[PDB]
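> As a plain string of letters, each chain reads:
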Amino acid sequence: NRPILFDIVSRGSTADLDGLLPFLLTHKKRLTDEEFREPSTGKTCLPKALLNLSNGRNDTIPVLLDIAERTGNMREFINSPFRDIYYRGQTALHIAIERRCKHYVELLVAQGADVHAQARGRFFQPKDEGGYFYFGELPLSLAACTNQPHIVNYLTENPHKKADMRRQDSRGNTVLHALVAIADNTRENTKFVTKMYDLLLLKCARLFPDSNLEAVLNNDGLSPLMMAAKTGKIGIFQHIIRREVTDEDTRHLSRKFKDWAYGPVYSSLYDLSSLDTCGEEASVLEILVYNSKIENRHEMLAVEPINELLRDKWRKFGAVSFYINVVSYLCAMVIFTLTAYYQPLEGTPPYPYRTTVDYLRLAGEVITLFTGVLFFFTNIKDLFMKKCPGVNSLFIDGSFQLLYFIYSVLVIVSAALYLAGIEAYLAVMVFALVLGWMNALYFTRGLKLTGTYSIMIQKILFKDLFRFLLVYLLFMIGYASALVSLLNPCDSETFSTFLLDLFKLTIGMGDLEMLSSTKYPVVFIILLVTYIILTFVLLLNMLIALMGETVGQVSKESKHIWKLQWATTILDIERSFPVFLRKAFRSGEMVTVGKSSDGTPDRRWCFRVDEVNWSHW
Amino acid sequence: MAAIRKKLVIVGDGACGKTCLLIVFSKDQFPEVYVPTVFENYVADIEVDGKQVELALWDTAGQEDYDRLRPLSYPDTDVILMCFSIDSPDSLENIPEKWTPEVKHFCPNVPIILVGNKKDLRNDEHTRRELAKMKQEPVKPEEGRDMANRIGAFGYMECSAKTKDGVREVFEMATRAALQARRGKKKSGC
Ligand SMILES: CC(C)C[C@H](NC(=O)c1cc2ccccc2s1)C(=O)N1CCN(C(=O)[C@H](CO)NS(=O)(=O)c2ccc(Cl)cc2Cl)CC1
Ligand SMILES: CC(C)CCC[C@@H](C)[C@H]1CC[C@H]2[C@@H]3CC=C4C[C@@H](OC(=O)CCC(=O)O)CC[C@]4(C)[C@H]3CC[C@]12C
Ligand SMILES: Nc1nc2c(ncn2[C@@H]2O[C@H](COP(=O)(O)OP(=O)(O)OP(O)(O)=S)[C@@H](O)[C@H]2O)c(=O)[nH]1
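So the protein sequences, as listed, match chains A and E. When you line the first sequence up against the deposited numbering, it's residues 150 to 639, 662 to 788, in that order. For what it's worth, the deposited numbering labels the leading residue of the second sequence as 1, then goes sequentially.
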């Protein structure tokens, strides 16, 4: 009777249901029998009834519920989960909440519907994973994400059952996590997201004063603030940063306080308990800066407390140590260069050290080798410090983090050769020296006047020049192969010499003498002319077009990128300090702005700023 | 504070008392008239060590048409109860041959707890007399002690639904096994 019952329930007719209870009683057939359930997805009568209905009044639900009650299988029937993959775990309560009908939600909850059921189907998974909609996999979270304040209010406080707001799904995300996940930067979405977030946080704090909801962390270890920062959702992030609660009862959980006003000047005291961490836990600032592929990183960096904190941190110790860094590195490079120049070609390495100059010469090599080893150790410590960032962190951006690794290798590699491979240690030592000299732009990144230059040269080099060089290499290969084939000698050495001559020509110097020996000289000259014309005239200076366009983008965003680079370098410098010293350099005050519910002082670290307003009269 | 939800699935050969075991856990009242073929969609509250756990209890059958849908109940399982009978020795030798490879096929790296049912029935006289007709004897508990070791069971226990002996401790052991975080990953690809 599955098809007939499905048709009856879909049509919404109530008279047809008459006589079903006697049939079930006589045949002792439960409403959850496999035959009744749809084989495709284990769907039952109730979800079909709730899916299709007229103005939210299908009118068949109470009769079916009474029938199930008479059969004595109400608990199993109401909360029967869907099987299969796409809609696994879905229940009747989720559907009732989705269709925005309060009456059916009340009915299901009163009759005993489970309120903690989790929907884990692939359709409910995040967008990037394959599911078109994600809401935290909970009824209350689903209601909150769909902008239904009345449903959330009723479900939180019900005489039958209550859905605790501090409940985590399989992913670990709680209601706030899901609300942030679906948050969008659109004008309309942000307003309701913030309103629901504030309402839910206030309710949770009111009901449970001891525990703060935002404290809970997901499996990834992030909090709603940290997750919003990582996902690039500025709309909720900025609101969370400057959250202020006027209510006296629950004003403790506020993040922005008022210090004092003198005339147009207003000084306010922000809180940064978790915004800045001295290695104790992950900080919003590090996640915002180091992480890649963030939609609105530049905008999120330009917030009231972030800029002031960066400025104060830079003034306190950043400038003092940055110049020390530059001086030490330049001195080491000068020592390395002097060691490289005064290298005795005569004799088999290693050499005996007996003379006065040996005292000075050996020290340079020892210092350079120890510096390379120190660089390698620093670069492995840093890699493990950031929890082993993947390829995207190293290769695509922060190229200097990789280059010093290469410099770390060669410098020590040569040493091995210097002990056994005496003959050819110079070949790689000189290349290491060149790379070390060339990779000093990391220290120039910080300077405001020349901060952009290094970033934009690194950007253009790998992206524009290589893309152009693909086509240039196509041309080079074709023309060089053609010219090599054409010439008549009357072979590897001849080909190499011809390639050398052609490269010398390509620079713009040399002489055109090859045509004399070859046959068909006229076509040879025609081909050379086409080569020169195409490459030099068009490509050589048409690359400059998009190169200048790239520099134009960098010029348009020069101020924004410099701020990012300066923040990166100062944070970099900070992170290498020991934990105890970092704690000794803590920034902010210990103002006891307010007392807890029991009266104990909060005594939380904060940071005060000030601004000027003239319209506040 | 906040109860943690864990998935428990009980798998065993027919007439082993898996449904009876879960029912006695549920209502602490042995049904002496009617026993459903499967007990589904139930969540029970349990506290072991300062933690509150909601255990979702799932059952699997193959009496009729349930074998085809049995695979659907394995995914996202947190703990498995490998269940057999002490009064039916045939329930033992079938555990490694067919049940274990399926368990490892669908849901690997999952804690498995061995359990034997009908502890009293092992000492019964009528059961022994009837069983001796085929040159068979009740299941020896020491044999179970070792059989747990062979299949790498987290722990092996005995239950008696009639006299509600060891049910609480057995399912508590199941839960403590579930809460365990396992060990990272093994031979993870580069
Ligand atoms: C000691 C503190 C007061 C400051 C600290 N400087 C040093 O420890 C040393 C400088 C010099 C100079 C000559 C010879 C020996 C040393 S030892 C400092 O401020 N930093 C080092 C850690 N940093 C890094 O490791 C970046 C970011 O992770 N990676 S890197 O590109 O590969 C790099 C950059 C510069 C230096 Cl130099 C070493 C490295 Cl691997 C950042 C910046
Ligand atoms: C336009 C650019 C970005 C692409 C070309 C890459 C260069 C690095 C190539 C172009 C021509 C090449 C040269 C062509 C011929 C030779 C001679 C060869 O050794 C010889 O002198 C041959 C004599 C012999 O072996 O008997 C060593 C490499 C060199 C300099 C080659 C090294 C690499 C060069 C400069
Ligand atoms: N002597 C003794 N017998 C028991 C005890 N507990 C259960 N039995 C029997 O075990 C049976 C367990 O029910 P059940 O597991 O559904 O049988 P089944 O036919 O194997 O179910 P299925 O796997 O084919 S779907 C009960 O019906 C009861 O008669 C016990 O503690 N002692």
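Accuracy of the hints is not assured; some may be wrong.
As the list claims (entries may be wrong) - Just the calculated beta-carbon pair ranges, DEER-fashion:
hint	chain 1	residue 1	chain 2	residue 2	range
1	E	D49	A	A468	52 to 62 Å
2	E	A15	A	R224	24 to 34 Å
3	E	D49	A	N368	55 to 65 Å
4	A	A564	E	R183	17 to 27 Å
5	E	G14	A	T335	53 to 63 Å
As the list claims (entries may be wrong) - Under the rule of at most 35 Å between Cα atoms (straight-line distance), these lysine-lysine pairs were calculated in the DSBU-like manner:
hint	chain 1	residue 1	chain 2	residue 2
6	A	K352	E	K186
7	A	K276	E	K186
8	A	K730	A	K608
9	E	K51	A	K311
Please keep in mind that the hints were generated in silico from the structure rather than gathered at the bench. For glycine and all other residues, C-beta sits at the position ideal for the given N, C-alpha and C.
> Holds or violated: E/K51 and A/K311, Cα atoms, limit 35 Å.
Between E/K51 and A/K311 the Cα gap is close to 20 Å, so the pair holds against 35 Å.
> Between the beta carbons of E/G14 and A/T335, is the distance compatible with 53 to 63 Å?
Because 57 Å falls inside the window, the suggested range holds.
> Is 24 to 34 Å a correct range for the gap between the Cβ atoms of E/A15 and A/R224?
Holds, since E/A15 and A/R224 (Cβ atoms, about 26 Å apart) stay within the stated range.
> Holds or violated: A/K276 with E/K186, Cα cutoff 35 Å?
holds (29 Å)
> Quickly compare the C-alpha distance for A/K352 and E/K186 to 35 Å and report which way the hint goes.
Distance of about 44 Å is beyond 35 Å: violated.
> Do E/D49 and A/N368 keep their Cβ atoms within the hinted range of 55 to 65 Å?
The hinted range 55 to 65 Å is violated for E/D49 and A/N368, with Cβ atoms some 21 Å apart.
> A/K730 and A/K608: Cα distance at most 35 Å?
holds (17 Å)
> Indicate whether the distance between the beta carbons of E/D49 and A/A468 respects the range 52 to 62 Å.
Distance hint for E/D49, A/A468 holds at roughly 53 Å.
> Between the beta carbons of A/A564 and E/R183, is the distance compatible with 17 to 27 Å?
violated (40 Å)
The structure fails hints 3, 4 and 6 (numbered hints given earlier, in ascending order).
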